[PDB]
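This document opens with one chain alone, in C-alpha coordinates, the form deposited without the ligand.
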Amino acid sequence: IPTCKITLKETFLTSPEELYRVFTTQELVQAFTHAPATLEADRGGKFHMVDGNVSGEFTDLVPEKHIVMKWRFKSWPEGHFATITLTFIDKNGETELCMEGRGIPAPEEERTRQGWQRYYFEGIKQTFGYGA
(Lines of atoms letter the chains of each structure in order from A and count residues from 1; the text may use other names and numbers.)
(Lines give C-alpha, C1' and ligand atoms only; values in the text may rest on other atoms or scores of the structure.)
Protein backbone atom coordinates (compact mmCIF):
# COMPACT_ATOMS: atom_id res chain seq x y z
CA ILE A 1 0.00 0.00 0.00
CA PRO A 2 1.47 3.42 -0.96
CA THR A 3 1.06 5.76 2.04
CA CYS A 4 1.44 9.41 2.90
CA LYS A 5 2.20 11.62 5.90
CA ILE A 6 0.11 14.64 6.85
CA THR A 7 0.78 17.37 9.41
CA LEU A 8 -2.01 19.70 10.66
CA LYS A 9 -1.80 22.51 13.22
CA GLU A 10 -4.90 24.14 14.75
CA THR A 11 -5.29 26.63 17.67
CA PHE A 12 -8.24 26.25 20.10
CA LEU A 13 -9.56 28.74 22.66
CA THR A 14 -9.41 26.20 25.48
CA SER A 15 -6.75 24.75 27.76
CA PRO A 16 -4.76 21.62 26.91
CA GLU A 17 -6.60 19.86 29.81
CA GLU A 18 -10.03 20.56 28.30
CA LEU A 19 -8.98 19.72 24.73
CA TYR A 20 -7.33 16.47 25.81
CA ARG A 21 -10.54 15.56 27.71
CA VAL A 22 -12.63 16.16 24.56
CA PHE A 23 -10.41 13.70 22.55
CA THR A 24 -10.44 11.06 25.34
CA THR A 25 -14.00 11.09 26.76
CA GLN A 26 -16.55 8.84 24.98
CA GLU A 27 -19.51 11.15 25.76
CA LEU A 28 -17.66 14.25 24.48
CA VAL A 29 -16.64 12.42 21.27
CA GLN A 30 -20.31 11.32 20.86
CA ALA A 31 -21.32 15.00 21.13
CA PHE A 32 -18.97 16.46 18.46
CA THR A 33 -19.26 13.49 16.01
CA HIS A 34 -23.12 13.39 16.38
CA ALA A 35 -23.01 9.56 16.71
CA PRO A 36 -22.59 6.88 19.36
CA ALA A 37 -18.97 6.22 20.24
CA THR A 38 -17.10 3.69 22.34
CA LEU A 39 -13.77 4.94 23.71
CA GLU A 40 -11.51 3.15 26.22
CA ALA A 41 -9.18 5.98 27.35
CA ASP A 42 -6.31 3.61 28.20
CA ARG A 43 -3.06 2.53 26.54
CA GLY A 44 -4.33 -0.53 24.65
CA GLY A 45 -7.85 0.81 24.75
CA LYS A 46 -10.04 0.66 21.61
CA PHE A 47 -12.24 3.33 20.05
CA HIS A 48 -15.07 3.07 17.52
CA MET A 49 -16.87 6.18 16.20
CA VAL A 50 -19.42 7.28 13.51
CA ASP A 51 -21.25 3.92 13.02
CA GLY A 52 -17.87 2.15 13.07
CA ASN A 53 -16.53 4.26 10.15
CA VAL A 54 -13.55 5.29 12.36
CA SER A 55 -11.72 2.97 14.73
CA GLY A 56 -8.41 2.26 16.33
CA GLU A 57 -6.43 1.84 19.53
CA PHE A 58 -4.57 4.27 21.83
CA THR A 59 -0.87 3.34 22.10
CA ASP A 60 0.34 6.25 24.32
CA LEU A 61 -1.73 8.64 26.49
CA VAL A 62 0.00 11.46 28.45
CA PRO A 63 -2.75 13.64 29.94
CA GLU A 64 -2.74 17.25 28.67
CA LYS A 65 0.38 16.51 26.52
CA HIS A 66 -0.04 13.89 23.83
CA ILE A 67 -2.04 11.09 22.34
CA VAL A 68 -0.58 8.44 20.03
CA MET A 69 -3.02 6.13 18.32
CA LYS A 70 -3.52 3.58 15.59
CA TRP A 71 -6.39 4.96 13.53
CA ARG A 72 -8.34 3.92 10.41
CA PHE A 73 -11.40 4.50 8.30
CA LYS A 74 -13.56 1.33 7.86
CA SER A 75 -13.02 1.36 4.05
CA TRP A 76 -9.18 1.12 4.35
CA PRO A 77 -7.54 -2.27 3.60
CA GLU A 78 -8.30 -4.64 6.52
CA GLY A 79 -5.71 -4.33 9.32
CA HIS A 80 -4.25 -1.10 7.84
CA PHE A 81 -3.79 1.57 10.57
CA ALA A 82 -2.34 5.03 10.35
CA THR A 83 -0.27 6.17 13.31
CA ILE A 84 -1.54 9.55 14.54
CA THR A 85 0.22 11.70 17.14
CA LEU A 86 -1.60 14.66 18.71
CA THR A 87 0.55 17.09 20.71
CA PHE A 88 -1.13 19.68 22.99
CA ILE A 89 0.94 22.87 23.56
CA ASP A 90 -0.21 25.67 25.90
CA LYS A 91 0.12 29.10 24.18
CA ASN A 92 -1.07 31.69 26.71
CA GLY A 93 -3.85 29.37 28.07
CA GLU A 94 -4.95 28.56 24.48
CA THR A 95 -4.01 25.24 22.89
CA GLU A 96 -1.93 24.68 19.77
CA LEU A 97 -2.78 21.14 18.60
CA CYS A 98 -0.23 19.52 16.28
CA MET A 99 -1.54 16.43 14.46
CA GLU A 100 0.95 14.23 12.60
CA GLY A 101 -0.42 11.23 10.70
CA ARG A 102 1.81 8.56 9.13
CA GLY A 103 0.76 5.48 7.16
CA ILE A 104 -2.34 7.06 5.59
CA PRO A 105 -3.20 5.26 2.33
CA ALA A 106 -2.09 7.68 -0.39
CA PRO A 107 -5.48 7.61 -2.25
CA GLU A 108 -7.10 8.55 1.11
CA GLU A 109 -4.91 11.66 1.78
CA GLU A 110 -7.55 14.31 1.01
CA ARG A 111 -10.43 12.38 2.69
CA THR A 112 -8.25 12.03 5.81
CA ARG A 113 -7.08 15.67 5.79
CA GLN A 114 -10.66 16.98 5.24
CA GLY A 115 -12.01 14.43 7.80
CA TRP A 116 -9.58 15.75 10.48
CA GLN A 117 -10.12 19.42 9.62
CA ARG A 118 -13.96 19.21 9.40
CA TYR A 119 -15.04 16.35 11.73
CA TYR A 120 -12.41 16.79 14.48
CA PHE A 121 -11.21 20.43 14.44
CA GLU A 122 -14.31 22.31 13.13
CA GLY A 123 -16.61 19.83 14.90
CA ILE A 124 -14.89 20.35 18.27
CA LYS A 125 -14.74 24.15 17.88
CA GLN A 126 -18.47 24.39 16.89
CA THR A 127 -19.70 21.92 19.57
CA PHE A 128 -17.73 23.38 22.50
CA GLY A 129 -17.23 27.03 21.40
CA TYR A 130 -13.41 26.95 21.15
CA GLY A 131 -13.10 29.77 18.62
CA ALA A 132 -13.21 30.11 14.86
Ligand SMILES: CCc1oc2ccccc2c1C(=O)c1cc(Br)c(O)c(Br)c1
Second form
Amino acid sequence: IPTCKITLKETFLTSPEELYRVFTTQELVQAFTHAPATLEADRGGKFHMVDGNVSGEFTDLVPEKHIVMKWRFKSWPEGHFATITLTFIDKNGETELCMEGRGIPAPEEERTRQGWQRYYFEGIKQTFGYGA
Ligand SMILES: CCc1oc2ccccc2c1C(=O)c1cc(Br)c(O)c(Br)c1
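For comparison with the form deposited without the ligand, kindly provide the form deposited with the ligand bound.
Every component of the complex follows; first up is the chain already shown.
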Protein backbone atom coordinates (compact mmCIF):
# COMPACT_ATOMS: atom_id res chain seq x y z
CA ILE A 1 0.00 0.00 0.00
CA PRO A 2 1.53 3.39 -1.01
CA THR A 3 0.93 5.84 1.88
CA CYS A 4 1.10 9.56 2.60
CA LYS A 5 1.65 11.92 5.53
CA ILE A 6 -0.51 14.94 6.27
CA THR A 7 -0.01 17.77 8.77
CA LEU A 8 -2.90 20.05 9.79
CA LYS A 9 -2.99 22.91 12.28
CA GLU A 10 -6.12 24.58 13.68
CA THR A 11 -6.76 27.06 16.54
CA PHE A 12 -9.83 26.59 18.81
CA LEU A 13 -11.36 29.13 21.21
CA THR A 14 -11.21 26.72 24.15
CA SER A 15 -8.57 25.50 26.60
CA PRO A 16 -6.41 22.45 25.93
CA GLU A 17 -8.23 20.65 28.78
CA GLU A 18 -11.66 21.19 27.15
CA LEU A 19 -10.44 20.23 23.65
CA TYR A 20 -8.68 17.11 24.91
CA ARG A 21 -11.91 16.12 26.74
CA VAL A 22 -13.84 16.50 23.43
CA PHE A 23 -11.47 14.03 21.66
CA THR A 24 -11.47 11.53 24.56
CA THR A 25 -15.06 11.50 25.90
CA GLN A 26 -17.42 9.05 24.19
CA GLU A 27 -20.53 11.22 24.77
CA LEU A 28 -18.83 14.37 23.36
CA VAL A 29 -17.66 12.43 20.27
CA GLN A 30 -21.27 11.13 19.79
CA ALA A 31 -22.44 14.79 19.92
CA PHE A 32 -20.12 16.26 17.25
CA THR A 33 -20.29 13.16 14.92
CA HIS A 34 -24.16 12.90 15.19
CA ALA A 35 -23.78 9.12 15.71
CA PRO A 36 -23.30 6.52 18.45
CA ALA A 37 -19.66 6.15 19.53
CA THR A 38 -17.75 3.72 21.71
CA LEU A 39 -14.51 5.20 23.09
CA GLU A 40 -12.26 3.58 25.77
CA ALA A 41 -10.19 6.59 26.91
CA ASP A 42 -7.18 4.42 27.95
CA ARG A 43 -3.84 3.52 26.42
CA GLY A 44 -4.83 0.26 24.60
CA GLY A 45 -8.46 1.38 24.54
CA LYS A 46 -10.50 0.90 21.31
CA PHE A 47 -12.79 3.43 19.63
CA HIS A 48 -15.57 2.95 17.05
CA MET A 49 -17.41 5.93 15.50
CA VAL A 50 -19.89 6.88 12.70
CA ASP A 51 -21.54 3.45 12.14
CA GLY A 52 -18.10 1.78 12.30
CA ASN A 53 -16.73 3.87 9.42
CA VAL A 54 -13.91 5.05 11.75
CA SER A 55 -12.15 2.89 14.31
CA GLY A 56 -8.86 2.31 16.02
CA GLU A 57 -6.92 2.22 19.29
CA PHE A 58 -5.31 4.88 21.52
CA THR A 59 -1.55 4.17 21.92
CA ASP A 60 -0.58 7.25 24.05
CA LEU A 61 -2.83 9.60 26.08
CA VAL A 62 -1.22 12.52 28.02
CA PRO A 63 -4.16 14.67 29.26
CA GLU A 64 -4.23 18.25 27.85
CA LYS A 65 -1.01 17.54 25.87
CA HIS A 66 -1.19 14.76 23.28
CA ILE A 67 -3.06 11.82 21.83
CA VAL A 68 -1.52 9.13 19.62
CA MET A 69 -3.85 6.71 17.92
CA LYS A 70 -4.01 3.93 15.39
CA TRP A 71 -6.85 5.11 13.16
CA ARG A 72 -8.62 3.82 10.05
CA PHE A 73 -11.65 4.21 7.83
CA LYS A 74 -13.61 0.94 7.44
CA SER A 75 -13.01 0.83 3.62
CA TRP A 76 -9.19 0.71 4.06
CA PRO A 77 -7.47 -2.67 3.53
CA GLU A 78 -8.23 -4.80 6.64
CA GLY A 79 -5.60 -4.30 9.41
CA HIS A 80 -4.23 -1.09 7.80
CA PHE A 81 -3.98 1.74 10.38
CA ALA A 82 -2.73 5.26 10.06
CA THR A 83 -0.85 6.73 13.07
CA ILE A 84 -2.42 10.04 14.09
CA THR A 85 -0.72 12.34 16.61
CA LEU A 86 -2.64 15.29 18.13
CA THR A 87 -0.62 17.87 20.07
CA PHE A 88 -2.42 20.52 22.17
CA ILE A 89 -0.63 23.87 22.76
CA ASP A 90 -1.99 26.71 24.94
CA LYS A 91 -1.70 30.04 23.02
CA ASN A 92 -3.19 32.82 25.23
CA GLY A 93 -5.84 30.38 26.63
CA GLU A 94 -6.80 29.28 23.07
CA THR A 95 -5.67 25.87 21.78
CA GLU A 96 -3.40 25.33 18.78
CA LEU A 97 -4.06 21.73 17.69
CA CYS A 98 -1.37 20.10 15.53
CA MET A 99 -2.54 16.91 13.74
CA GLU A 100 -0.01 14.65 12.04
CA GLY A 101 -1.22 11.61 10.12
CA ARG A 102 1.23 8.98 8.92
CA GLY A 103 0.48 5.77 7.01
CA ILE A 104 -2.66 7.08 5.25
CA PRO A 105 -3.33 5.09 2.04
CA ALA A 106 -2.26 7.45 -0.76
CA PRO A 107 -5.60 7.28 -2.70
CA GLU A 108 -7.35 8.26 0.56
CA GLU A 109 -5.36 11.48 1.18
CA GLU A 110 -8.13 13.93 0.23
CA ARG A 111 -10.89 11.94 1.98
CA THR A 112 -8.75 11.84 5.18
CA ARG A 113 -7.80 15.57 4.95
CA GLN A 114 -11.56 16.40 4.51
CA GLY A 115 -12.38 14.04 7.41
CA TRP A 116 -10.05 15.94 9.82
CA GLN A 117 -10.23 19.56 8.53
CA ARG A 118 -13.97 19.61 7.78
CA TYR A 119 -15.64 16.91 9.88
CA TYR A 120 -13.58 16.79 13.10
CA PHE A 121 -12.30 20.40 13.27
CA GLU A 122 -15.35 22.28 11.82
CA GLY A 123 -17.72 19.76 13.50
CA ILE A 124 -16.14 20.35 16.94
CA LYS A 125 -16.13 24.15 16.42
CA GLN A 126 -19.83 24.16 15.29
CA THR A 127 -21.02 21.76 18.01
CA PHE A 128 -19.28 23.42 21.02
CA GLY A 129 -18.93 27.03 19.83
CA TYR A 130 -15.10 27.10 19.62
CA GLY A 131 -14.82 29.85 17.00
CA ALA A 132 -14.97 30.02 13.26
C1 LIG B 1 -13.74 11.50 9.70
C2 LIG B 1 -14.96 10.75 10.20
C3 LIG B 1 -16.05 11.67 10.58
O4 LIG B 1 -15.68 12.64 11.48
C5 LIG B 1 -16.80 13.42 11.68
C6 LIG B 1 -16.86 14.53 12.50
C7 LIG B 1 -18.09 15.16 12.55
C8 LIG B 1 -19.18 14.71 11.81
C9 LIG B 1 -19.08 13.59 11.00
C10 LIG B 1 -17.85 12.94 10.94
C11 LIG B 1 -17.36 11.81 10.22
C12 LIG B 1 -18.21 11.03 9.26
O13 LIG B 1 -19.39 10.80 9.49
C14 LIG B 1 -17.61 10.51 8.00
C15 LIG B 1 -18.03 9.32 7.43
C16 LIG B 1 -17.46 8.87 6.27
BR17 LIG B 1 -18.03 7.21 5.57
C18 LIG B 1 -16.43 9.55 5.64
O19 LIG B 1 -15.92 9.11 4.50
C20 LIG B 1 -16.04 10.77 6.20
BR21 LIG B 1 -14.67 11.79 5.38
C22 LIG B 1 -16.59 11.22 7.39
